[PDB]
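Asker: Chain by chain, the residues:
Number of protein chains: 2
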Amino acid sequence: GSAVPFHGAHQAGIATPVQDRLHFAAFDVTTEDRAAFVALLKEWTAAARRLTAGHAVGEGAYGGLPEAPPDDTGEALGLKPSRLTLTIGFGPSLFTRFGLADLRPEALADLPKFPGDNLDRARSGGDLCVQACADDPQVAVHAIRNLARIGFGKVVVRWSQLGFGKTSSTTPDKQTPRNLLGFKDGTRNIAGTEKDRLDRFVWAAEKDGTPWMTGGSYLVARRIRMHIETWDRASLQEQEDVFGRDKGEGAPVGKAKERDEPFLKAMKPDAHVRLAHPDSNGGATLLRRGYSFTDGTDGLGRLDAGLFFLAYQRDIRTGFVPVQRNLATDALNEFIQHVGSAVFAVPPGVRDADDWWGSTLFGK
Amino acid sequence: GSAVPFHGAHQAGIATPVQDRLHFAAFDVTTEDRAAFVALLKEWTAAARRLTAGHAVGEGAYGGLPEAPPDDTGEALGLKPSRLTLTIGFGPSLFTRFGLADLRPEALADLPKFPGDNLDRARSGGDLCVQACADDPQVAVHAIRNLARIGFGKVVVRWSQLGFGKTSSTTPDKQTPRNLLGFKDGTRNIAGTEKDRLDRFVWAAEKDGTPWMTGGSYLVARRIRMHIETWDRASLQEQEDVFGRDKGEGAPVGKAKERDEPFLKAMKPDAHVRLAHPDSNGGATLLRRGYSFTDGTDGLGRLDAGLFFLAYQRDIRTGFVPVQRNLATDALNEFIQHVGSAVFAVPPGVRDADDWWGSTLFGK
Ligand code: HEM
Ligand code: HEM
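Protein chains in written order, with the working numbering: chain A, 119 to 482; chain B, 119 to 482.
Just so you know, these hints were derived from the structure itself, not from any lab. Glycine residues also receive a C-beta, built at the ideal position from the N, C-alpha and C atoms. Treat each hint with caution, since some may be false.
[Said to hold, decoys possible] Cβ-to-Cβ under 8 Å is the rule here; a few derived chain A residues that face chain B:
| hint | residue |
| --- | --- |
| 1 | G182 |
| 2 | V275 |
| 3 | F282 |
| 4 | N399 |
| 5 | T412 |
| 6 | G414 |
[Unchecked claim] Now the stretches of chain A that chain B is said to cover, found in silico as 3 or more residues with beta-carbon under 8 Å:
| hint | segment |
| --- | --- |
| 7 | 197–206 |
| 8 | 346–357 |
| 9 | 362–374 |
[As the list claims (entries may be wrong)] Beta-carbon label-pair distances, calculated as ranges:
| hint | chain 1 | residue 1 | chain 2 | residue 2 | range |
| --- | --- | --- | --- | --- | --- |
| 10 | A | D472 | B | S120 | 44 to 50 Å |
| 11 | B | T447 | A | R239 | 42 to 48 Å |
| 12 | A | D228 | B | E356 | 43 to 49 Å |
| 13 | A | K386 | B | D472 | 30 to 36 Å |
| 14 | A | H345 | B | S211 | 28 to 34 Å |
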């Protein structure tokens, strides 16, 4: 139940080990007062400093004046930090307001339309996001709820997504989690300890063209429905052909061990690993950090489930976009559909107790 | 503890220790063939024996013939039994099939409509339920998903609810959970250790009038949304007045400790605890075994969260019905809304390796 340090050159929640639970909220800005929004950012940063340490926001959850609403809603009382990370991101639409147009990063690229998508606009986009990840779902919900409350009147929650379990790994020394198709997901990602790969593929640099984003990353979110009924009808061989790995061990086709490096030529030309591999994409590499979800039933007798895909990269134009383009022929496309999407510029870290979310963007 | 025995005089998941996570699914029957439904119950029981021991169903999740779909969908490979319990129940609607009408228990009473109810029929009812409780949500989800797959052609999933309580890896097992209103929830309840209280209040007895139910119990499910944002605007005194207990410690008004017995007369007349207490209900007492839920954000931007209330009782007419009726004037009603409901007759246990779910109802 240990805490994850909140301050750093980078925001936590990216290279951090992937926690068990996600609560992801996209917000829209409702205030037109730049000074009021800066004020909110600072109040949110202060709150996050408490939440990630396992403390109550403001003056606490009780012990105040009886006639006043408690500052903290209280449902995390008695709980540990639970590795909570809170990661803030700025969507392209934010840059139409507060006079931020010229500061919109070119690497914050709007996505093209991809064949087969059916994106729900209401659960796509967003002026900003907060990614709350923790090992305790009550800690994660509490953090989002209290941030939303602090922001009432200045921001609204556009859409949110809970992930009940991870489908990603930044720790190759630990067990790779399985997604709801039954396959390990996260074997060949980027590790928190891979500083050179993180610099090459995840962290933006000043010379990239957007100084305020130095030490930040760019986030692509994609809500992916899984055609479970169809998948569960597929043969074992078909399922393994789709990915290029065997199901039980998760090794590349022909190999004995999960982490043995793939020999792509041995997979089907439309195998997912073969098309997504960096070597098939001129070196493009992603830090995937997604989570499984379930959304009740489809109203038609079947569990409704999927994967909330999250990818961090130094530049969307050289990460998610080329890779997802190469997935146009992916054998996996028969079993999935992309149904929500959003991109965000995730700023650099909160340097210290005097700093605040967005300070490099908004100045001061 | 890592596992809970599947076999017994009673079904597990009622009096056994409360696990961290829930996947509750209601099923509807899609076959008229009684023998085919009995065959399913036998295959389901066989699967449950595997799942509650952390093993894959059938011949496994891999290694079979390449041209066959795997018997198990694989998403729990590498996980642990996680204290998984699988508890089956039969809804009133089941008894209109297979000639069972004259075997519906009188104690399986339909619930009256209660003041303020706003029940989504799509998330209510069901011919059957399976309550899957585990410490790891993916174990619970895997269990539901695979039972649903095994049963496909004979049953469908009507509705499905994920829930969470504490996270036991970081939260002391004796610490009362808090609900999403920030209050301790479960202080005065029946515990599975109180054998005499279970016999009095929870288990059906032969003399009660339905022999096949002897050693079973009756379950009431209620999906109860909370008006989170209005609640969080209420003063600390208003919130405590609603329950009759203070928020921080959870002690009854006028008392110092959580577990001190309440002086109901010092609570406001409409306080939840005063209205729900057995002394206010002719001694009616419930085994509450619910879970908090958070499903996301609704269309208005508000948090879709609440309590998935579950209560077990020897007779719905003498348990949940009187107590819920007594909540007509509950001050808590301002802040909650019941939005889904179902009742189930939970049969006695699977006695040994030759027994099967429902054998006392269907006959052997
Ligand atoms: C529901 C959708 C998806 C599922 C079930 C899925 C599943 C998998 C699995 C099982 C693997 C092999 C193990 C691993 O190395 O992680 C994999 C690899 C990978 N996937 Fe996906 N994936 C999905 C969507 C995506 C998308 C949208 C992208 C990017 C646009 C993507 C990019 C990658 C990459 C880059 C790899 C590693 C390839 C390598 O370098 O070997 N995946 N995925
Ligand atoms: C969102 C809805 C509900 C919330 C937030 C809630 C919350 C609470 C709280 C905070 C307590 C005091 C601590 C304790 O558990 O002893 C309590 C007690 C209790 N509640 Fe509820 N409750 C809800 C719905 C219900 C319903 C629907 C029933 C039954 C029909 C019920 C029956 C009880 C009982 C029997 C007690 C114990 C009273 C005693 O014997 O002292 N509750 N509840």
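Asker: None of the hints should be skipped; say for each whether it holds.
Answerer: Going down the list of hints, with the structure as the test:
For A/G182, the interface hint holds, the least distance from its beta-carbon to any beta-carbon of chain B being 6 Å, beneath 8 Å. Below 8 Å, beta-carbon pairs count as interface contacts, and A/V275 has one with chain B at about 5 Å; its hint therefore holds. Because the closest C-beta pair between A/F282 and chain B is about 5 Å apart, less than 8 Å, the hint holds. Restraint check, A/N399 versus chain B: the minimum CB separation of about 28 Å is more than 8 Å; hint violated.
The beta carbon of A/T412 is positioned within 8 Å of a beta carbon in chain B (closest approach about 6 Å), and the interface hint is therefore held. Below 8 Å, beta-carbon pairs count as interface contacts, and A/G414 has one with chain B at about 5 Å; its hint therefore holds. Requiring three or more residues with a Cβ within less than 8 Å of a Cβ of chain B, the coverage given for the segment 197–206 of chain A holds, as 3 such residues are present. Counting residues of the segment 346–357 of chain A whose CB lies closer than 8 Å to any CB of chain B gives 9, which reaches the minimum of 3, so the coverage claim holds.
Only when three residues or more bring their CB closer than 8 Å to a CB of chain B does the claim for the segment 362–374 of chain A stand; here the count is 3, and the claim holds. A hinted range of 44 to 50 Å holds for the C-beta pair A/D472 and B/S120, which are about 47 Å apart. A C-beta distance of roughly 43 Å is found between B/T447 and A/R239, which places it inside the suggested range of 42 to 48 Å. Checked against the given bound of 43 to 49 Å, the beta carbons of A/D228 and B/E356, roughly 47 Å apart, stay inside it.
Taking 30 to 36 Å as the suggested C-beta distance range, the pair A/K386 and B/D472 does not conform, at roughly 46 Å. In this structure the hint that A/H345 and B/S211 lie 28 to 34 Å apart at CB holds, the actual value being about 29 Å.
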